[PDB]
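As you look at this complex, bear in mind that one protein chain is not there, while each of the others sits in place.
Letters A, B and C mark the chains as written, and numbering starts fresh at 1 in each.
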């Protein structure tokens, strides 16, 4: 019924799949790197403290 | 022909594959937890209403 | 080893992982919505044209 060319056809694209998964973590990684450098840039300071800004985000959105 | 070692292989990576997935929603929920943090950081401000601001630039980009 | 139960395990988890994937596409579109807003938000205006600054940083990084 089955055929060695079938079990392999699966196990084949099977390894290729995992690949995309690990390559993924490599992408989402570069992202957070960006989201991170950002928070640092807009991290207000002096004259205004992120806390005061939150105070405006605590009363009402 | 087919060999119990080959079905087990694909089934082995299978379990590992799911792992990456769940650990994916984890790093994902983080990417947003940050993105939102920055958004809710500025938030609408009297005088510097982030909302009103956006409008001003929506009239003529 | 070869037992319709083992291939069914790979197929059953398949639909499960699939769901997570499509759903992921949903959380992805979100990352953009939060991005376009984060961009159209800080987009400075009146005083410093996002173009003038952007260009200035173009001459050199």
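Please note the rule applied: contacts are C-beta pairs under 8 Å (C-beta built on N, C-alpha and C of every residue); 3 or more make two chains touch, one makes a residue touch a chain.
Judged over the whole assembly, touch between the missing chain and the shown ones holds for A, C. Residues 1-3, 6, 9-10, 13-14, 16-17, 20-21, 24, 27-28, 30-31, 34-35, 37-38, 40-43, 45 of subunit A touch the missing chain (whole complex, contact as defined above).
Residues 2-4, 7-8, 10-11, 14-15, 17-18, 21-22, 24-25, 28-29, 31-32, 35-36, 38-39, 42-44, 50, 53-54, 56-57 are the ones on subunit C that touch the missing chain.
In the analysis below, only the chains that are shown with their structure count from here on.
Put simply, the C-alpha centre of subunit A and that of subunit B have 5 angstrom between them.
Between subunit A and subunit C, the centres computed from C-alpha atoms are 8 Å apart.
In subunit A, the residues that touch at least two other chains are 10, 38, 42.
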